[PDB]
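Presented below, as structure tokens, is a lone chain in the form solved without the partner chain.
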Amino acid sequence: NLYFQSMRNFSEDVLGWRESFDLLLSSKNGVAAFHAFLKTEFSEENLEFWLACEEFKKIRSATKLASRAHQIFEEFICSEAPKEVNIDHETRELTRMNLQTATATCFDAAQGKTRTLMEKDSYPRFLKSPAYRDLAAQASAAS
């Protein structure tokens, strides 16, 4: 029964966000809610960058890889990028060198740093927000 399935899925989705950052990041709803939260803390570019990397690494063509890699570097990685993420020179220079022949692992180091930035800081605050706390109460009612 579809409604019942939905209720159970809602419950399982929302309560998993509390259990691991992996589960939040794996969820359409989770990522969307966390994004909205991050905007309130002016840090949503970490998640935008992360999500960009997840979509990038599925690209198989060499030319589409190079083109997207340059788009992502210019938006998120380069000094004075419009959504510059908070990474060190070394990670930034590595990433620029990876651009020479952009493969699916082009952003791995920068992605890992960005995940930790969110995981250490904004993710535990998210789970303490009134919003999340209201959602989790509903989810425990949805079972």
The other form holds:
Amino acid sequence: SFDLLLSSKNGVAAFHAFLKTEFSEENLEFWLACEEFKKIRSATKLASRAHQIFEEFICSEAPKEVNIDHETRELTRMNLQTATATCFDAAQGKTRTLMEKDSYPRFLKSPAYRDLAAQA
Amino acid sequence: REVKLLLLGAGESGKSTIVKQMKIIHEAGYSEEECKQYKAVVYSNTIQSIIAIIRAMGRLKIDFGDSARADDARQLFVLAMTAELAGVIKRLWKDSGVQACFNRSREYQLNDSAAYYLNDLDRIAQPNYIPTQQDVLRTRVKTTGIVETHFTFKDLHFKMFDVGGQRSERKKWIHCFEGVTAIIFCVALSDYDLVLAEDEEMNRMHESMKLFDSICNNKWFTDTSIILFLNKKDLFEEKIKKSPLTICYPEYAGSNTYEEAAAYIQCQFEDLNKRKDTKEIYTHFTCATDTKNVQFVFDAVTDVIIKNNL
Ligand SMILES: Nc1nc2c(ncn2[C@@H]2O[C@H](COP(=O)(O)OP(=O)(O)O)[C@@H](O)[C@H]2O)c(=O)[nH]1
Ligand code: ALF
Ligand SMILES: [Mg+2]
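Having seen the form solved without the partner chain, can you show the form solved in complex with the partner chain?
After this comes the whole thing, all chains and molecules, with the earlier chain placed first.
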């Protein structure tokens, strides 16, 4: 499963190295930015952190801008108006699917992993 | 004699499908095991297509022909293959309100393979179902990043780099611009009446044109073979009598028929060339999902990549 990969320290780092090879690491980063963000109980830190995550990965002039459609983008922008813990669930699902469907299967057929399973 | 080749183009123009057609042509087809791996995608492609139409009905305010479909729609959303879901999906698809919405897909975002999968639900929904080569070809997965794949045709070895077409992916394209032998630039002809999935204010064809102006005339590619695939011709053919090209080109004085409108698109792109004396856009009308056609076009391309590089 893909859910196992995303749960382990080793797995994530290995998967990152691969995504770097295909210039799509921004996906995994955001997804990890979202799993930290939602643990925040304070409504101020959420407030600020939401502007940070949105500024880096979502925004149309974003440095690590992730590939999501117009609807999911502008929804996440209206979810900022009051940043709760779920603010990015939509954007985070689009991104998870992007990794699961497209680049996760290539990773399983990569030598990066092929060797580390051969070790396993 | 290793050649470096690029598939560039806006999102959903058909780059990844051309990459699949290499695996089929210049390797030896898909296995049966390899096909059984595309089940999930076909099923998910199908489920996503139909959700897309139904969500558009509440936005566009279109009624079901038969009010009991609301109850299936509910189940659809919650369930997302099994018999229950198939039945739900089938019943939704046959509904006249659903079909009125499907015939207005230009106002929202719908996978092009929708009709193909949905019209074939009986086969797909079977328990012992194994995708066909075409089913596999019809599958949609968003490419994110830059995928390098190596190929050996009859007279050429190819390093072939496939990229994502969406705006957020275009930053990354600069990683493979060095020593580029040829660029196949995909354009989805059927996009003339559609908007971008990443900007609803932006017509997809005007987007491809701006993109093409910038690649065609880019300094990096003075020495690269610019090849222009006018793709999804099959989808365009069955569109054009239903939806007029004036959506995309208000200037257009010609008939909304397949050949003339296709000749017109072609000229628009080809007019973007800023050094026509010295540079030649090699144009081909393609159906990416039609192996035979992509086989014939790739022979014509290869010849240009010999003539212009030896
Ligand atoms: N009927 C038809 N479908 C196509 C054609 N080209 C691409 N498709 C389908 O349209 C979708 C987009 O193709 P894809 O290669 O994934 O787009 P990409 O983002 O440019 O790589 C896929 O589901 C393909 O099966 C074509 O020429 N004809
Ligand atoms: F340009 Al794409 F998936 F939309 F390769
Ligand atoms: Mg692709």
